[PDB]
Amino acid sequence: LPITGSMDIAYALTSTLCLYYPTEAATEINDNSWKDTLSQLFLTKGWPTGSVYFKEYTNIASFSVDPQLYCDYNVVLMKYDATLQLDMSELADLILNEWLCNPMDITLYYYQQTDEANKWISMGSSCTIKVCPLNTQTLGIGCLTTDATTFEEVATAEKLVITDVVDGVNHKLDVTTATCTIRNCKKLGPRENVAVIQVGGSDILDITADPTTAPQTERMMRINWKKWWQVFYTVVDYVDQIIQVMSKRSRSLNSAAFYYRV
Amino acid sequence: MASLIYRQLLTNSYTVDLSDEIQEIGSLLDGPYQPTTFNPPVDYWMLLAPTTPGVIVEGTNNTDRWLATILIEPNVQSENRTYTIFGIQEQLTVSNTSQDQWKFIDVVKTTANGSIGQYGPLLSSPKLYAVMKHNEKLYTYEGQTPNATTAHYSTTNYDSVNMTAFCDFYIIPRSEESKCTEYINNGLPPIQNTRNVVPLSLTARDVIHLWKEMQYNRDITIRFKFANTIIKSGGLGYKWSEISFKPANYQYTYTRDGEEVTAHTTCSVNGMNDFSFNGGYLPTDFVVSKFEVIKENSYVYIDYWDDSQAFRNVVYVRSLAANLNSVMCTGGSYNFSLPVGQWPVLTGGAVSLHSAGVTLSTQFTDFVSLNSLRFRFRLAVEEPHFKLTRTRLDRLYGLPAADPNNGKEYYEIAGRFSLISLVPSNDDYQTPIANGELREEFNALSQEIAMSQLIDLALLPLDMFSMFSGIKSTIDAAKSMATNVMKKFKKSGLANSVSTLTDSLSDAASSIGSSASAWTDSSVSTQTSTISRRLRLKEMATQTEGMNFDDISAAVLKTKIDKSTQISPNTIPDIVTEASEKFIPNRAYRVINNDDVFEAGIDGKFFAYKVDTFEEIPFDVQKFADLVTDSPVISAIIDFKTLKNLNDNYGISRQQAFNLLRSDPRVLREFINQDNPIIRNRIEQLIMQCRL
Amino acid sequence: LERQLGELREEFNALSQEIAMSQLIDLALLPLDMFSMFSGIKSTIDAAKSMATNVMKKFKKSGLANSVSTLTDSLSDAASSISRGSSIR
Amino acid sequence: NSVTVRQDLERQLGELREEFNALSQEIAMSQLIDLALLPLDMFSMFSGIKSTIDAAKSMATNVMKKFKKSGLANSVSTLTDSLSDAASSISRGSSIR
Amino acid sequence: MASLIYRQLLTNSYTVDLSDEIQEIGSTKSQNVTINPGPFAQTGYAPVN
Ligand SMILES: [Ca+2]
Ligand SMILES: [Ca+2]
Ligand SMILES: [Ca+2]
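Residue numbers (this note's numbering), protein chains in the order written: chain X, 10 to 271; chain C, 115 to 806; chain S, 144 to 232; chain A, 147 to 243; chain E, -4 to 44.
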């Protein structure tokens, strides 16, 4: 509904933060009470004890399998590897944005993408997606609808894939459903709950499949690093700025899930 | 406005001829039947389609005559051939002058221990024979096709004659003798129109076949296969005659989300193209007559059934659709048994099957009949080409009939189907898990319809779409409803009267009133009644003003049809025709001519009055006829008696009187809403007169 | 098969005399339609085909149909050709 | 005699609609009014379309088939059904004002 | 007027069912196509062992 304000009038502790980090960070820190230490430092910054939850993932690929972000504010310390630019971009596109997903039954129906905001998101232990475009009479173009060996391969044993095919053409898919699930997802907008801190190389995240745009939102941060202790001290010391960068979720409602709230 | 439905139904009836032509093309053969011995029932043609050279059939009276049928391939000189006839082996000298038509010959033995005779030559390309035993005579066909006539033989004890037969058979009643002749002289119809599809022995004893919607969506796997008829010809064996698709059947079982679904399917192909390889005319050249290949112009139909609640709830279907995957059918290699030299081989040939709709059907078995679903697949040829080695037919496309299965046990098409079947549930519960009076009810409904809303409906034009778009029927019924209504509307009484009026006018174009017109063809009572009965057609001709009696009738018909719960699709045409021909039998029509009104009814009541004061004037029949000939005629929805009563008991304004005389829907509804008893009574009488 | 048509032309031209003007005007007023035009034909000899469709098959190709199509195309082009502006005589 | 020739992909409907809307520039008001007065029928509408496409598998039939399922057809059906129900002295609902 | 096109496309839709019946029955009763041979005879070698 309309929200009327005023351009002259002078208008004059209850949230949770989740830090997601890789295992090697804890392995290098090597202090059984480092999480408690960071909790006390966050307390000094103004976060009551227990308001900060630390989550450990082993790899970017592993964390990409159904990321479970369950805090009011989420900060993901993602390490950089020059051989994983697309994987990092896919993970950032998945978490930094909000997707309305519906199930896809590849073994029965054909599918198409409605518009530029719709894509196919596949997750699991191993996603090996092959596609075959079809014409108006349901015949494959450059592929035989029955022989899946002729299909065109868009993924290979991927933990996470965000596939984008030409809009308005039916496709037949041969995604390995045993170790992967593929969903028809429409991007609604930005997920302000989560911020990504790339602890590593250059700024390379392309969270828009559009080739003409690689926007760098305020929630996509980057830091050079040589010690995880220094990285974590930076995060704690500038928590205020990170929270100011983020915002609370505006999504009305979706599937129920666990959360870490007050 | 609502009367437009009658005009459209009568105008668009010309499409009924197209529909009837399609249905006539639709016009079923019982068969095929396995080779067995049985007594032919009387009044029935037996059609026979042979497959291998030999004795087609052998039947005898066992008293005075023993008849049989013999088939010989063409291009055979005078040779002595042996045949097992009547359980007795005998040699007969026969020749085949023809080169491309099989020879059917009837064999006759007047005595058990006599000498056989040959008669009734038949040169048939489609290889079909026919027999009857009725009218104290035996009918057999003779004459080269298509000039094949029927020959009659006299063999006593006609109704107690038994046949021993050795091929595929069909039974066709006497009345379909023309269809029998056409089939024998031009070939069988495509196999999809056969009852048994496959032989299925001779056990033809099987039987064929408020509402709530029930969905029975399911996942299915159609497993099917192809079958062949490789009919080698005569001679040294260097030439064949036919490699053709035949229907095949397959029973299998598969898991369907917990339940072991045992299913039965039959596959039959239609529209194949008959390639040929005429190697010449030498006795030892590789000659082939008809090898049929399926290509883009051919369809394949698979009837599928299973022992499931879904498939025992298929009697009445309100919606049916499938989204099956596509499958590849590749051909095998068929090595010819050439007596000498290299063996030709029909290797290769692929096609792709994609779904192209689904409809109800009826499979049959040797013991029971199944209510199956027919899936029709369009074809698409693919990269594997079929060649005919040791010949010059190379690089041809399509799937031949040599070995369509290519050694595979079955072809599989997995997918899903969704159906909404109607079940007769009379209660909120008890959903079943399987599947004069009408006129009186329609008349009874007339007492619960609101007049103002009825006038609104009458003002609404009811076109072909609007009239029948609100009635929901079965999948088979909803397809043909406008056609059904028109089929009888174009033959009703109203259509006949329209035709007679048009013919009378046309004949007059090449006398109650001053001028002799076809429109105007107690004496005054009789003349005005006849003229009014003819004027009833002015509404159909669209030469009126204001509302129409048939506008009211159409509105009431639509309202009652929507209300009724005891109207069947096969009943709607009759009801619509009856409503058009009967509703409001008593109709009155008025003509206004410079402050004078002449009103006449079908019942012989005639009035003449002044517009301003509604004072009666002596009726002038001649002036009335002259005016009604061409000037617009207003239906007297509010007749003169009601108008005078209303004027006396109420102060009708000049505009109100003008509009009421002109049959203004606005003023009529205005008075109904004001609740004027007189006008409400008049409209109620009009409504109640809409009887059946 | 136009010899029969020519004989029919000669036959039809001789029926002009046998016409009544007032009854002709009445018939002209009567709205002949797909049913009225062909319903009352003389006898409808054995298995009369779809006469309406047979007539329309040639009617839709006659010169009048071409003129109607030309008029519709001309009006469409006129509505389409702002750019031409004043390029029609 | 060859493998089935796959029909060419047609177009993206979004961009087709975009181009169709863009065509509104090349419209003259007076000539459009004349064309609106001319009653387009089953013949005039489709006579000059698709030039001379060979098959022309009853383009009118295709249009009718996809049109009777449109929202406009459903709205007409609902209006007719509502009028019939009202004429049948339907039991008016509690909040049917 | 020009709205006649919409009104007719609604009214005449009942012919869609006739078209569908035509299509299905024609598919069911599509006659076999004859591949007529060319003028040239297909004579080949003789059967040679
Ligand atoms: Ca390929
Ligand atoms: Ca990936
Ligand atoms: Ca896309």
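Worth flagging that the hints you see were computed from the coordinates, not collected in a lab. Note that beta-carbon positions come from the ideal geometry of N, C-alpha and C, so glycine has one too. It cannot be assumed that every hint is accurate.
[To be verified] Straight-line C-alpha distance at most 30 Å; calculated DSS-like pairs for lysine-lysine:
id: 1; chain 1: E; residue 1: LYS24; chain 2: C; residue 2: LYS696
id: 2; chain 1: C; residue 1: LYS339; chain 2: C; residue 2: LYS251
id: 3; chain 1: C; residue 1: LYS293; chain 2: C; residue 2: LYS593
id: 4; chain 1: A; residue 1: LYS203; chain 2: S; residue 2: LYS203
id: 5; chain 1: X; residue 1: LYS196; chain 2: X; residue 2: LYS44
id: 6; chain 1: C; residue 1: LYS293; chain 2: S; residue 2: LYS203
id: 7; chain 1: X; residue 1: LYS44; chain 2: X; residue 2: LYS195
id: 8; chain 1: A; residue 1: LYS203; chain 2: S; residue 2: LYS185
id: 9; chain 1: A; residue 1: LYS196; chain 2: C; residue 2: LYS326
id: 10; chain 1: E; residue 1: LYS24; chain 2: C; residue 2: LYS501
id: 11; chain 1: C; residue 1: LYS696; chain 2: S; residue 2: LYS201
id: 12; chain 1: S; residue 1: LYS185; chain 2: A; residue 2: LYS212
id: 13; chain 1: C; residue 1: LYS409; chain 2: A; residue 2: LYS203
id: 14; chain 1: A; residue 1: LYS196; chain 2: C; residue 2: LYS602
id: 15; chain 1: S; residue 1: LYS203; chain 2: A; residue 2: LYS196
id: 16; chain 1: S; residue 1: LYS192; chain 2: C; residue 2: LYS593
id: 17; chain 1: E; residue 1: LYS24; chain 2: A; residue 2: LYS211
[Unchecked claim] Here are the simulated distance ranges between beta carbons:
id: 18; chain 1: C; residue 1: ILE547; chain 2: X; residue 2: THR32; range: 29 to 37 Å
id: 19; chain 1: S; residue 1: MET180; chain 2: C; residue 2: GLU551; range: 34 to 42 Å
id: 20; chain 1: A; residue 1: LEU159; chain 2: X; residue 2: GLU33; range: 34 to 42 Å
id: 21; chain 1: A; residue 1: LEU159; chain 2: C; residue 2: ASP333; range: 57 to 65 Å
id: 22; chain 1: C; residue 1: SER532; chain 2: A; residue 2: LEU159; range: 40 to 48 Å
[Unchecked claim] Just a sample of chain A residues kept apart from chain X, beta carbon distances all over 12 Å, derived:
id: 23; residue: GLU156
id: 24; residue: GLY160
id: 25; residue: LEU162
id: 26; residue: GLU165
id: 27; residue: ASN167
id: 28; residue: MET175
id: 29; residue: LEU183
id: 30; residue: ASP187
id: 31; residue: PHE192
id: 32; residue: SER204
id: 33; residue: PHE213
id: 34; residue: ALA219
id: 35; residue: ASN220
id: 36; residue: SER221
id: 37; residue: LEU225
id: 38; residue: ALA232
Now the hints, each set against the structure:
Proposed proximity of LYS24(E) and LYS696(C) is contradicted: the alpha carbons are some 42 Å apart, above 30 Å. Our distance criterion of 30 Å between C-alpha atoms is broken by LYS339(C) and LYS251(C), whose separation comes to about 44 Å. Restraint check: the Cα-Cα separation between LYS293(C) and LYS593(C) comes to about 28 Å, which is no more than 30 Å; the hinted pair holds. Between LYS203(A) and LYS203(S), the direct Cα distance comes to roughly 16 Å. Compliance with the 30 Å bound is thereby established for this hinted pair.
Under the criterion of a C-alpha separation no larger than 30 Å, the hint pairing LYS196(X) with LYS44(X) is inconsistent with the structure, at around 35 Å. Only pairs whose Cα atoms come within 30 Å are accepted, and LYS293(C) paired with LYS203(S) is rejected, the gap being roughly 36 Å. Straight-line distance between C-alpha atoms of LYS44(X) and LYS195(X) comes to about 37 Å, which puts the hinted pair past the 30 Å bound. Taking the CA atoms of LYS203(A) and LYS185(S), the gap is near 35 Å; set against the 30 Å cutoff, the hint is violated.
Restraint check for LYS196(A) and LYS326(C): not satisfied, since their Cα atoms lie roughly 45 Å apart, outside the 30 Å limit. For the proposed pair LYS24(E) and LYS501(C), the alpha carbon gap of about 29 Å is at most 30 Å, so the pair holds. Distance hint between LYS696(C) and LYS201(S) is unfulfilled; the C-alpha atoms sit about 39 Å from each other, more than 30 Å. With a C-alpha separation of about 41 Å, the suggested pairing of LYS185(S) with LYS212(A) is violated against the 30 Å cut-off.
For the given pair, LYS409(C) sits about 21 Å from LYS203(A) by alpha-carbon distance, which is consistent with the 30 Å threshold. Simply put, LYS196(A) and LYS602(C) have alpha-carbon atoms about 38 Å apart, too far for the 30 Å limit, and the pair is violated. At most 30 Å may separate the alpha-carbon atoms for a hinted pair to count; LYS203(S) and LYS196(A) meet this at roughly 17 Å. A hinted pair counts as satisfied when its Cα atoms are at most 30 Å apart, and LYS192(S) with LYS593(C) qualifies at roughly 23 Å.
The straight-line distance between the Cα atoms of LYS24(E) and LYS211(A) is roughly 24 Å, inside the 30 Å bound, and the hint therefore holds. Range check, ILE547(C) to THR32(X): Cβ separation about 57 Å, and the 29 to 37 Å hint is violated. Separated by about 40 Å at the C-beta atoms, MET180(S) and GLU551(C) satisfy the suggested range of 34 to 42 Å. One distance hint, 34 to 42 Å for the beta-carbon pair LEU159(A) and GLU33(X), is violated here, with the actual separation near 49 Å.
At roughly 31 Å, the beta carbons of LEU159(A) and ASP333(C) sit outside the given window of 57 to 65 Å. Restraint check, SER532(C) to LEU159(A): a C-beta distance of roughly 26 Å breaks the suggested window 40 to 48 Å. At roughly 7 Å, the least C-beta separation between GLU156(A) and chain X is not larger than 12 Å, which violates its mark as non-interface. Chain X draws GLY160(A) into its interface by the beta-carbon criterion, the shortest separation being 7 Å against a cut-off of 12 Å.
For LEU162(A), the shortest C-beta to C-beta distance to chain X comes to about 9 Å, within the 12 Å cut-off, and the non-interface label is violated. Interface exclusion of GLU165(A) from chain X stands, the closest Cβ pair being 14 Å apart, more than 12 Å. The claim that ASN167(A) lies off the interface holds: its Cβ sits roughly 16 Å from the closest Cβ of chain X, which is beyond the 12 Å cut-off. At the 12 Å boundary, the C-beta of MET175(A) stays outside the reach of chain X, the nearest C-beta of that chain being 34 Å off.
Every CB of chain X is more than 12 Å from the CB of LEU183(A) (nearest about 37 Å), matching its label as outside the interface. Taking the minimum C-beta to C-beta distance to chain X, about 29 Å, the non-interface status of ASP187(A) holds against the 12 Å cut. Annotated as non-interface, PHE192(A) keeps its C-beta farther than 12 Å from every C-beta of chain X; the closest such distance is 21 Å. No Cβ of chain X comes within 12 Å of the Cβ of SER204(A); the nearest lies about 17 Å off, and the non-interface call holds.
Every C-beta of chain X lies more than 12 Å from that of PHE213(A), the closest at about 19 Å, which supports listing it as non-interface. For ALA219(A), the shortest C-beta to C-beta distance to chain X comes to about 24 Å, beyond the 12 Å cut-off, and the non-interface label holds. Against the 12 Å criterion, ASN220(A) stays outside the reach of chain X, whose nearest CB is about 22 Å from its own CB. Distance to chain X confirms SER221(A) as a non-interface residue, since its nearest Cβ pair spans about 25 Å, more than 12 Å.
A cut-off of 12 Å between C-beta atoms confirms that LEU225(A) is not in contact with chain X; the least separation is 31 Å. With a least CB separation of 36 Å from chain X, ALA232(A) remains clear of the 12 Å interface cut-off, as annotated.
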